[PDB]
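Shown below, as C-alpha cells, is a lone chain in the form deposited in one PDB entry; questions about how it binds or moves come after it.
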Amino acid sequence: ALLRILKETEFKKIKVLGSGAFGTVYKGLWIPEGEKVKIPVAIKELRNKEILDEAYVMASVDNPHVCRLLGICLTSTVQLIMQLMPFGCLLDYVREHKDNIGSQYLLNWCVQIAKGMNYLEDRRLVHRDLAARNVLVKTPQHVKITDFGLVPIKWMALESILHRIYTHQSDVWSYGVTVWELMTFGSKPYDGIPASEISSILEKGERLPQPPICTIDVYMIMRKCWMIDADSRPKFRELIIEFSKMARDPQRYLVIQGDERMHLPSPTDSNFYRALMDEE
C-alpha cells in the first residue's frame, strides 16, 4: 500500500555512502519509466520473501521525526529505497560542526529524537540500534530516526549485553548514549575500552563522563537512562517534557562559549530551508 515494489530497471546505484552492521548505503537515482528525469534516492543493499511483510511495517510509519521506508526491490539482493538526506547522519554532522552548534540546536534535537522514539513506542516497534549515526539530518532544524525495527555494544543496555532482551526501556539507554554523542560533539563512547570489557565496567557502576558543556541538570537525565533497573529509567514521554523545558531556556542548561550568536534560524531562513528541502 505505502510500499512501492520497484524493479531493478527503475533505479541506479551511483556512489557508496557508508556501511553499517547490516547493509551498504548508496546514493542512487530513481528513473520513472517513460520519463526523462532522474530523482536521487538512498539505497540500502543488505548482505525469505516474508521480508516484504517486514518492509510494510517501515512503510507504514507516520511521524515527522521517523523515517519511512519508501520502496523495496527483491529480484536479487534485497534493496531498500528511502528519501536521501544530503546532510547525512547527525553523528557526522555534529563532528563537522564541533565549533558552531549552539544549545538551542542541541536541545531541540533531543526533543525530536524523543518524539520519534515515543512514536515507535506507541506503535510497539523497538529500535534496537538507536545512535547518533541512525539519526538522519533532513535539515539542521529537523532530524529523523532511521534503521529501526530490525555488534554495537557501547549503545546497548546492560540487560541487552548479558541477556538478549531489547525493550523500549533498553532503547531509553541507547537514547542516553545518543544524547552523550551529541553533547560531546561526536565523541566515541568508552573510547579505547574494548567492547568485551564494557559489560563489566557497567556493573561496577561506571558510566560515561559528564560532557564539559552539560550542566548537572542535563547530565542527571543522561545518567537516569543508564540505571541497571530497566523500569526505573525514564520514559520517552518524560524525556520530551524535560528537554522541551530546557529548550525554553537553553543557555541555562548548556554552557557553550559564544552561545549567543549561534542560535536558532531566523524565520526568513527557516522559510527558505522549508521551501527548498523540507515541505512536510
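Numbering follows the first chain given and starts at 1. Take the two forms, find the largest set of C-alpha atoms that superpose within 1.5 Å, and that set is the rigid core. Compared with the form deposited in another entry:
With the core held fixed by superposition, the comparison between these two forms singles out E35 as the only member of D217, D249, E35, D53 whose CA moves by at least 2 angstroms.
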Given for the second form:
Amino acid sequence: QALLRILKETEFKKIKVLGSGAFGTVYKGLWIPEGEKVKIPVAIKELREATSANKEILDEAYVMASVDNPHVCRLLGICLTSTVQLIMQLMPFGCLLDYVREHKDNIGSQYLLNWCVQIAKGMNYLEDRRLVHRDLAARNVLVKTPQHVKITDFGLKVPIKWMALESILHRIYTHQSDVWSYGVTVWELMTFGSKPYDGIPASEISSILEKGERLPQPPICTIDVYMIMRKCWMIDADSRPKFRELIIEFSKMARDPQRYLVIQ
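In place of the form deposited in one PDB entry, output the structure of the form deposited in another entry.
Coming up is the bare chain, nothing alongside it.
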C-alpha cells in the first residue's frame, strides 16, 4: 500500500557515515521528496550487493513500512538499484548499546526501567503482528531521544550469545525465543553495556546453557529484577514470560525504580 515510498535516487542524499559492517553501510543523510519544500534528516542503510527478486523484496519492505508503534522503527522508503537501500527517520542518539556505554556514569534506575518497558512494548507489538524479530539485542535498539527508544532490524555472524537454546540447537525461532533475547538485552542494559559471556567462544555457549549456567546477576539488580531475567532463559520456551507480562512487570517497577535497582 501507500505506506512505503519508492524513492528516486535524486530524492535522498548520503551526507555522513553512521556505521558499517558485513551487512553494508548506514549513512546520515537527507530525504528531499519531489514536489515538497522540505529536507528530512534520515538514515540510509545500503545493503551489500547480492549476487542472486524485486517483487519479493518490496513484499518484505512493505511489512517493515506497515508497522505502527512508537517503539518499533518504521521503514519510510526503499530504493532498488544494484543494491537495496532502506530509508528511515534519523535516530540522533544512535544505538542504545553505545549510548549506555558512553553515558554509564549518568544513567539512573528510572531510565533503565523505562527502556525495559519500551522495548517490551515494541516486541509485544511485533508479536501481535505475528512477526518474530530473531536479532533483538541492545545494539538493535535505537535512541530517538534519551527516553524514547525503538527496536530496529527485524525483517532483515549468527548472534549465538543472544539466542535461545532451541534456536542454537534446532534453528527454531518463535516469539518465546525472542523473549530469551529480550532477557539478554535487559542484562546488557543493567550492566551498562557489558559483553555477555565475554571472551567465551560462541561454540561453547550451548554447553554453558546446558549445564544450567546463565549470565550473572548485575550488581545493581535486586533479586526481583534478576528473577525476571532468569525466567526469560528457561529451557522450556513456554515457561518464559510473555511480552505482555514483561510490560506489566517492568511498568510496575518503573513506578518505584529505587526499590528495584540499586545504583550509586
